[PDB]
Amino acid sequence: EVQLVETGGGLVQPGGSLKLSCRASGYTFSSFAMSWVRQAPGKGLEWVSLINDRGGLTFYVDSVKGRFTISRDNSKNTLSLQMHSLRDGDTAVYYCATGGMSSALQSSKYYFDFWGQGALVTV
Amino acid sequence: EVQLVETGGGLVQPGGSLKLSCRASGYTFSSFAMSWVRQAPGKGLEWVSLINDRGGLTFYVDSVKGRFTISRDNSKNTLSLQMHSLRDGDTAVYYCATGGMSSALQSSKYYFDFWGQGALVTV
Amino acid sequence: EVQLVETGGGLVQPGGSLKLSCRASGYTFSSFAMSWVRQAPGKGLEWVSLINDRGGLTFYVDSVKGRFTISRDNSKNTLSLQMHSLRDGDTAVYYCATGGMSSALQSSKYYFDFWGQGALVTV
Amino acid sequence: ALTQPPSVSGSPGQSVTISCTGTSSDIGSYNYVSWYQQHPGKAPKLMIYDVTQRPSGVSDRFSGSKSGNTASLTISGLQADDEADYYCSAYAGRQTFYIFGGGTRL
Amino acid sequence: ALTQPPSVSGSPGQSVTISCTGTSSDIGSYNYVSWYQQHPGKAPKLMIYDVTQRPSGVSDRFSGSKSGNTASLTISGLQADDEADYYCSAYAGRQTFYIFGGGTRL
Amino acid sequence: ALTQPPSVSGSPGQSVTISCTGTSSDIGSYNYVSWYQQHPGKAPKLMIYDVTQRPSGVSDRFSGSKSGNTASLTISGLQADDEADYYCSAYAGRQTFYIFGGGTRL
Amino acid sequence: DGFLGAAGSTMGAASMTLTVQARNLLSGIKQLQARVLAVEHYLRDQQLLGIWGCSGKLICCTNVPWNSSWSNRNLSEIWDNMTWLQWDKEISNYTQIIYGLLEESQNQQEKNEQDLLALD
Amino acid sequence: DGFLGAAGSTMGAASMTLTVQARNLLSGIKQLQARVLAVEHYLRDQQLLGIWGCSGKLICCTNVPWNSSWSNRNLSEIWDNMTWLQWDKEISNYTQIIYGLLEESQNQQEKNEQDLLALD
Amino acid sequence: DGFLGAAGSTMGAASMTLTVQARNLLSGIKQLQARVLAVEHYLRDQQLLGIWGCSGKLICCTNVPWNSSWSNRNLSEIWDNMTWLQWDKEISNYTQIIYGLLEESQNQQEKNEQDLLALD
Ligand SMILES: *[C@@H]1O[C@H](CO)[C@@H](O)[C@H](O)[C@H]1NC(C)=O
Ligand SMILES: *[C@@H]1O[C@H](CO)[C@@H](O)[C@H](O)[C@H]1NC(C)=O
Ligand SMILES: *[C@@H]1O[C@H](CO)[C@@H](O)[C@H](O)[C@H]1NC(C)=O
Ligand SMILES: *[C@@H]1O[C@H](CO)[C@@H](O)[C@H](O)[C@H]1NC(C)=O
Ligand SMILES: *[C@@H]1O[C@H](CO)[C@@H](O)[C@H](O)[C@H]1NC(C)=O
Ligand SMILES: *[C@@H]1O[C@H](CO)[C@@H](O)[C@H](O)[C@H]1NC(C)=O
Ligand SMILES: *[C@@H]1O[C@H](CO)[C@@H](O)[C@H](O)[C@H]1NC(C)=O
Ligand SMILES: *[C@@H]1O[C@H](CO)[C@@H](O)[C@H](O)[C@H]1NC(C)=O
Ligand SMILES: *[C@@H]1O[C@H](CO)[C@@H](O)[C@H](O)[C@H]1NC(C)=O
Ligand SMILES: *[C@@H]1O[C@H](CO)[C@@H](O)[C@H](O)[C@H]1NC(C)=O
Ligand SMILES: *[C@@H]1O[C@H](CO)[C@@H](O)[C@H](O)[C@H]1NC(C)=O
Ligand SMILES: *[C@@H]1O[C@H](CO)[C@@H](O)[C@H](O)[C@H]1NC(C)=O
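Residue numbers (this note's numbering), protein chains in the order written: chain S, 140 to 262; chain A, 140 to 262; chain R, 140 to 262; chain G, 2 to 107; chain L, 2 to 107; chain Y, 2 to 107; chain V, 652 to 771; chain E, 652 to 771; chain H, 652 to 771.
Derived from the structure by calculation, the hints contain no laboratory data. Treat the hints loosely; a few may be bogus.
[To be verified] Computed cross-link-like contacts, DSBU-like style, restricted to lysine-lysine with a CA-CA straight-line distance of at most 35 Å:
#, chain 1, residue 1, chain 2, residue 2
1, A, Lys215, V, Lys762
2, A, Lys248, A, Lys182
3, S, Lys182, S, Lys215
4, S, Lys204, H, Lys708
5, A, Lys158, L, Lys46
6, G, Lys67, G, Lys43
Isolated chain S, as found in the complex:
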């Protein structure tokens, strides 16, 4: 039904910069808020960032507020995440997902409705 496919880089050294992107199809892209969630190779899941459906509002976990930028382009059906500094604790598989927020005139979400395959970020 819904295909979310992440693209990204490989090995980056601490203090560098890495950009991820997520392509999506099978639903109206502009109708859903989207987020990034990461899983360290041996640990569980944690939320990283959230962007609204319009793209004007962004939210981050404190640990990435000064390092990560989340953006989207609704004409290209593309979600992007630009990361700077990338310390050793940032090694993880980064998944893009649909859901997590709703724009007042839509019913509540507060869940991650669709998940991608995940890009592997190694520091």
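Starting from the known structure of chain S, fit chains A, R, G, L, Y, V, E and H with the ligands onto it as the hints suggest.
Only chains A, R, G, L, Y, V, E and H with the ligands this time, still in chain S's reference frame:
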């Protein structure tokens, strides 16, 4: 002149719920802000909560912000305090009192004008 | 071009009060924001306080928010700093300086343009 | 993070419960405690959302509830293909949007 | 909390002072430092409010003052019936409404 | 505070660089990293403001730049009269207006 | 689109053209009377928004809960399948009830704000 | 109560009916002139509230201290024992003084707000 | 000074007299028509400020950047060496462009505010 009489429960276990109430007479109930103050059996006094004369505004100490609810009913001349969780450090005699706040068009209080007898809360 | 001359006291004991002032000439006094910067006898520089050109807005470092008051009088070309409590860590040469802020319709400063000679405050 | 048991197990056909315990500011205050099923090497699939709601495509063997500050997922009729790492996720307000628990190995 | 001496005493008929020392953000900044007299086993009675004000019904032997960040209650003419735990209470702003000191045993 | 090397030196006529390293919230985010020259016993004189700007009256031997979270002052053509304690100062937002580094003894 | 172009669009889409209709509200005796009435009507609507605490907004959120009896449709039907003309018809009978509650809410808020400002 | 029902009530009680009187301010040549004047008066009062920074409030607090000379009564006498008609009579001579100070206060506040917004 | 006294002063100095000109905007058929037009003009300007989110301010900052093409002068020349009449003449051709951008900015802000309020 002014009679403030607290009513309440006895022994409650940690993780439970306990409600106190305070009846008052001898003054216009709706004209005064009211508060709850507690005294541990072997210690001094500390302020717990404050409610306005209209009941729309409530204030709490940080240690009870997620546990205690203060409310009043000006037709029944009744002040109520609903407590949840009730950890061992919450054992105390709980007094209801008149004063502590004033609604802009009245002169300043910032003192506790009248005191009740006190309910004993044992965890 | 611009002469900034600090005046002040000598030895004060902890818990006391000391006032400094700075006279200025050679420029339009009311056109510039001013600040106080202190240097401990054996250390480097740190910013202490900032006042706008109009005098309505004041800013302080957290360590002096409850102790120092900054004010100015644009008819007397005088900048004043009233200090209370004055703990041992407050011993320093206190310089008055021109710059550090700009009132929206002026170009940015964010630097200290002119410096005085410095008053020595000993606790 | 939310606290979950390191592992839950049982025989095929039996019902088991995976709990998730949080605090008053997250599971307690908000009725938004979703559950995900992550097979090893795969992305998580959504199993439960809100408190008791189930996405279309998920069978009736997966259910859940909330009491106090504790939420739980009940998996009845255990099947051989249900082995996965299960996670809970709670909405925790405007400053901390989501809190995930540790994974539970079924 | 505010700091008070553990105990104050004197002979009948003498004047004694019970001090209360706070900080700049409470006694210093606000002129709202009340005093209460709590007989053992009984609820506290109000003795002083604002800084120097006295409620009706309280005799002229109870007075007080404020200087810097230190407030005090003066009890002149000590009587046998004045034995009580005395407390000070200061208004400390919008986030911390009231701060009480430790009790002083007369 | 900002980190600077304890001392920088070189022969007359040579170029040296005095670095200043901060964090993302100050040198990184804002293009306001000024430099001052303080001769011992005297008040500091302004040498650099913004990132690359130089006040009138300061010769062309004093320049500077910013990359990432690191700013630097370059002093070319070292003279005998250039011995001073050099300081960097960064604008760090509304809560923390200015951050100074440790002094560098030329 | 232009003036009233969104009239047949869904409630969600038409909420994005509020400035178009708003501008067109202001844009011998009989004509002076018509113009004076147009001004008085406009001012009554602005006064009503002011009373509710919405004096400067085209979209204004409040503290009055939806009572369900007024309309038991979910948000998806109202914002995606209905036009504003249909909504206006559907809840016409409850308009004054809603307006009364909105006024009461703001009066309480003003008093509460004043009381919070009185705290030293 | 209805329109002006609180006129004889105390200043405190009458402060709870501000929306009743506010609604009733808006509610051939001679009549057009009367209506135009009513509109101009209303707009002058709204402009004056805007100048003071009270454009959207019925109860608005400011930064101008009471000067005592205007009235040396305590709050208990003013709010519990006086009506608004008596208060209006008592301080009529000082109305323009108060208005002037209110305008000055807002001008300083606007400049200060702009200067705070200019900080990066 | 009085009404329009600052007309020949610099843009900075004249910004301190905004309340003087603002008060003087409100201060048989032909006269009624003139008064009705004066009211309609005033209300259109107030509506326009409301659309931009500046309904209660005389000095209002926004989120629209200066495009440089409109005017490439620095702040020192504009605020210290020019009058408002010269500035008004200099950018007359771009007035509607600026107004359009201001409206767009507020519409986005209103939607964003609503979405932030929707977060539990
Ligand atoms: C009219 O209805 C059609 C079909 O639903 C829709 O595509 C079209 O956008 C509508 N017109 C407007 C102006 O929204
Ligand atoms: C809804 O309105 C009816 C009156 O039509 C009222 O009786 C009912 O209590 C309202 N619902 C709530 C939840 O107040
Ligand atoms: C809205 O109500 C209709 C009618 O009961 C229902 O078919 C539809 O699924 C509902 N939508 C939501 C989002 O609840
Ligand atoms: C409103 O009242 C009329 C009767 O005057 C009735 O026919 C109509 O159905 C009512 N509408 C609602 C939504 O109650
Ligand atoms: C008129 O005066 C009496 C006596 O003070 C009072 O009880 C009554 O409420 C007053 N009327 C109003 C409308 O307040
Ligand atoms: C009160 O007003 C008078 C003028 O009538 C003035 O002289 C006096 O200074 C004012 N009081 C204060 C505290 O400014
Ligand atoms: C107000 O002033 C009157 C007249 O002096 C006095 O009788 C009354 O007690 C005062 N009230 C207060 C609360 O100060
Ligand atoms: C106001 O002025 C008049 C004289 O015109 C005087 O009789 C009256 O007492 C004055 N009122 C006040 C409150 O000063
Ligand atoms: C007119 O120009 C002169 C010279 O620049 C200036 O001093 C004066 O203030 C100006 N007039 C006004 C009203 O600003
Ligand atoms: C300035 O305006 C022109 C149109 O006149 C436009 O092409 C240009 O992109 C604008 N500048 C910026 C930075 O957007
Ligand atoms: C403003 O521009 C003029 C003309 O280029 C220039 O002479 C002047 O120095 C500039 N001022 C500033 C502060 O940049
Ligand atoms: C505005 O347009 C006119 C032509 O109608 C032109 O002469 C004038 O220079 C233009 N002004 C600007 C600032 O572009």
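Now the hints, each set against the structure:
1. Proximity of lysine 215 of chain A to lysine 762 of chain V is assessed by CA-CA distance (about 22 Å); at most 35 Å being required, the pair is judged to hold.
2. With a CA separation close to 25 Å, the supplied pair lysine 248 of chain A and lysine 182 of chain A stays within the 35 Å bound.
3. With a CA separation close to 33 Å, the supplied pair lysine 182 of chain S and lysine 215 of chain S stays within the 35 Å bound.
4. Distance check on the hinted pair: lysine 204 of chain S and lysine 708 of chain H sit about 33 Å apart at the alpha-carbon level, within 35 Å; holds.
5. The straight-line distance between the Cα atoms of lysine 158 of chain A and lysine 46 of chain L is roughly 25 Å, inside the 35 Å bound, and the hint therefore holds.
6. Of the pairs offered as hints, the one joining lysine 67 of chain G and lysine 43 of chain G holds, with about 28 Å between alpha carbons and a cut-off of 35 Å not exceeded.
Hint compliance for this structure: every hint is met.
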